[PDB]
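The chain below stands alone and is given in structure tokens; this is the form deposited in one PDB entry.
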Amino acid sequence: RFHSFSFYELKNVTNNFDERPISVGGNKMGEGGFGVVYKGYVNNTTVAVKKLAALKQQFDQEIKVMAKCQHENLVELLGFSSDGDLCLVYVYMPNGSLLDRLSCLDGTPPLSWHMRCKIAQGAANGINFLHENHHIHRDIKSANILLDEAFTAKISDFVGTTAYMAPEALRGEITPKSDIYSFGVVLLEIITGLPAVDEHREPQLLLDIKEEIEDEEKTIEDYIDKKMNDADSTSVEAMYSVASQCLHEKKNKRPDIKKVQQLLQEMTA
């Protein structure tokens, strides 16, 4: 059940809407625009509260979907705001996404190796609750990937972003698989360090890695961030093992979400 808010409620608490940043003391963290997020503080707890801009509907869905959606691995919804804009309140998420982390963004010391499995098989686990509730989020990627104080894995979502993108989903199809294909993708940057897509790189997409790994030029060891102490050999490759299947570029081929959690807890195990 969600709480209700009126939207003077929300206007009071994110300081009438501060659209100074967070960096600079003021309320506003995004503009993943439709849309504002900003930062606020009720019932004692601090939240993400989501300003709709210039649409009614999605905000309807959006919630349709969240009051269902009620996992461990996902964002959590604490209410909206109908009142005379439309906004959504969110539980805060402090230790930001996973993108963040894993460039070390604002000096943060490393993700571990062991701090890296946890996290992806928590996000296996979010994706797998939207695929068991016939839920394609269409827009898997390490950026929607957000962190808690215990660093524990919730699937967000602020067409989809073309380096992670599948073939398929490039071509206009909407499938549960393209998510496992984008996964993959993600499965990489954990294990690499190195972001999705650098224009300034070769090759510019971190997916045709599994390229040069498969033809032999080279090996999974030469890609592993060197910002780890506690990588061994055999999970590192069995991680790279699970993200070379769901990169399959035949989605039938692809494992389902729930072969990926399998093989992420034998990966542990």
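Positions refer to the first chain, counted from 1. Compared with the form deposited in another entry:
In the two-body rigid motion between the two forms, the C-alpha atoms of residue 172 and residue 150 are best fitted by the same superposition.
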Second form
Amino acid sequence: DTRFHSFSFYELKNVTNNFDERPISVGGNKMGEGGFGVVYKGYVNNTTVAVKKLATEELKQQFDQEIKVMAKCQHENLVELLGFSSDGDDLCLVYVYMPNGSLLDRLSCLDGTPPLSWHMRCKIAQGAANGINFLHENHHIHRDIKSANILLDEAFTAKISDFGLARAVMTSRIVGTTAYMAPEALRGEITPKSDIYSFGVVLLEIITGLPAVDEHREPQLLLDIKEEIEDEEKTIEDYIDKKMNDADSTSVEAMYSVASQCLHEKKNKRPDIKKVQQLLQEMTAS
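Cool, the form deposited in one PDB entry is there; where's the form deposited in another entry?
This part shows the chain on its own.
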């Protein structure tokens, strides 16, 4: 489709069963939730869509900024915005429906989905890196790269999502997700090098199948396994997701080497996204 649609609030309310907050499994419409708002499944113009209901003038400005960023950022590895609603009670954004949900939910097999093969994980890592490359080429810093923000379409093509914190340098309002954040981002710096660090945590989640933070785990933060492997207390083999049957040591170690480079403590020692893209291609190169 070739245009952004203005939707009525009542149409979005109607097609989401009055913004039914129950999960889809029990008969509801909720698909995702966070600080941004709630994402609901809807049906508009004989098509399934995702509706983000934003959770006053400052919120209207972030809504306008989100529309602006999505209108400029159209790429096969970015979620596509279809339309918006601002006439009624709440502000809504309508996106292309991602039938295979988030990479976080697919890694945890949420709702009974089969585990992702190593082959599919390599394709998703490459796709996500292609999306970040587009953002950085167009001078955008995502600021919240994480597996919950990597969505998957009908063909498991990776789509970077949630550009609510994106910026086109220091800040006094530090935003992002702690378990994925680079040390300089936690201190207030705004740099695309921080997105690279966060992508390195995503690569560890892909290799291990483990969440970035788990209170009932040692270590609690996934990024800390890099030190265990460097100090030879553990190997990458010990951490490889046992829910795969097709992982091979060579390609897993090649992905771990990229993740390790991304997780360098000094921002200038990290590879840029073009180099990450090159290394991920060499991993599967024939």
